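Model the full assembly from the supplied sequences, consistent with the hints where possible.
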Amino acid sequence: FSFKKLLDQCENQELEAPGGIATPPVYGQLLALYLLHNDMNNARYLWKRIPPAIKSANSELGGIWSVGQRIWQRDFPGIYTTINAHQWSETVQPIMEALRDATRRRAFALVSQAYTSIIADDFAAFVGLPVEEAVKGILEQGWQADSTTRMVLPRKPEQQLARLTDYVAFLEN
Amino acid sequence: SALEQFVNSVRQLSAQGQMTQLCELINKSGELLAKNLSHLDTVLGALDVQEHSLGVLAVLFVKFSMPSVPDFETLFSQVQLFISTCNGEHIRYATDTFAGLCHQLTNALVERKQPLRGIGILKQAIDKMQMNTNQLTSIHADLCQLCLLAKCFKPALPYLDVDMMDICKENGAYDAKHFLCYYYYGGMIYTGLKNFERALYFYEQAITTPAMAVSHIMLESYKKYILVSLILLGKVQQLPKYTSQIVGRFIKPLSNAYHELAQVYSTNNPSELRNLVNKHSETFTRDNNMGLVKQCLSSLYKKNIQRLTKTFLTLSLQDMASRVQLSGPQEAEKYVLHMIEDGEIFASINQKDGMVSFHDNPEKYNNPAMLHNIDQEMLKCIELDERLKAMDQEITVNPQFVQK
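Going line by line, the protein sequences match chains H and C.
Per PDB author numbering, the first sequence runs over residues 11 to 167, 194 to 209.
Heads up, the second sequence is in PDB author numbering, so the first residue is 3 and it goes up one at a time.
Keep in mind the hints are simulated off the structure, nothing from the lab.
Treat the hints loosely; a few may be bogus.
[Claimed, not checked] The following label-pair restraints were derived from C-beta to C-beta distances: (1) H:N48 with C:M21: 47 to 53 Å; (2) H:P87 with C:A371: 32 to 38 Å; (3) C:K237 with H:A63: 45 to 51 Å; (4) H:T201 with C:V164: 28 to 34 Å.
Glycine residues also receive a C-beta, built at the ideal position from the N, C-alpha and C atoms.
Shown next, in the form of structure tokens:
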């Protein structure tokens, strides 16, 4: 909830603007927050409409778009590699750090719901943790990690009476 | 002393009612050759908010060139100020120069190539001039065009999700160009956000407008309707019966590449579709709808993989990437994974045996969630019927519907 309000404020501030063009910090915050909420279309259009002069002046937009491009191709190792390659001063740090947790949860849910037997290396690549950490993490969940073959087996995850009276009163006129 | 007479008459008429004579007086103008309106503009607008000076601003914008010297932006602020403080129903009494002024502002912004300052203006200039939210005005087209030229598709969503059911007469004017522009630009906006279920509907509304000639908004809307129908469904949906005969006789022959594209996208063969797309590259890139055809190409594989579920129960990845022509078990696995992630398919992947199992169980109808969904749909139908009954009762009392 604390991020949606910031996104709305950034959108309104960009829309008002001192002549259409907004400041680079709000542009970067908008792009990163679009990446957070899985608004790939909106992030792509925002990158399209950002002035080239702002892109030349501020080089962090390049890194944010690199992360967004890795997200757009659904390349989880690329996402995790490119997230930990740049930083700012308390402007994108909380949102860029919540992006990692969101990607982690998304990858874990996808592995749970789309697989019945996944190799340990592939699971570690999807999550981003090392292989031993990936295997030892799923202990309370009971995912039945195998040895030798290193196969991981994901586990599959009043007003009613008033409404009826309204329906009858509609039907009977 | 003509200016003194005009300002005195405006002051007397304002805060006195009788809008008819004020409208007649302000319409009895256009002889304003005196281009010193700047000092008389911010001298009479204090009384009775901002209901007058609309003709003055329209005259200022009529020049089309050298409006207010290098400080033209100042004029913009005036318009901005006006749009923020005009208010009242006095604007609706003259809803012919308001739309004209908005058209002039939109054209100026488009030529100036800053199509984002006005997005916030032709948003408070729409809900302040229209009767209700379900009334289509001639500024919806300008708002959609402005928020389309500058890629900001989010401001227009509250003005597109509403189903328009009345159309402003605007004291004249309002040709079919505004109707076509609104229902074409809204469809393009919805396509840009990958809302094909509603972009197809918007294009369909654009095509079936009554017509007696050919326009270049009903052609390059039929052409895009074909592509969106191929992307969303598997076939070109049939246009409604009440469609005009122009599309079925004249517009169709010009769209011959797209009918060939559909015919190839009628027999499941990605290679033939790629060959045809590459053959007709110039035609598809001249109309600027390139990248909507690559979506058809990438959707053919998804359609084939979905058709695989209607027959099989467990398919090898190597075997799967031989009936859909995916060239490798890894590409088939990634296609199935992407399809599962987006909810298009119900399947599970077994990397141990290298198989994919198809489940096909969306939902059993034994939960309160489906009860809530049914209740919401029934509420929508009830509101629809209530509106229909209101319209019929308003047509029953019509004196013209008493002699016949």
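Numbered hints the structure breaks, given as an ascending list: none
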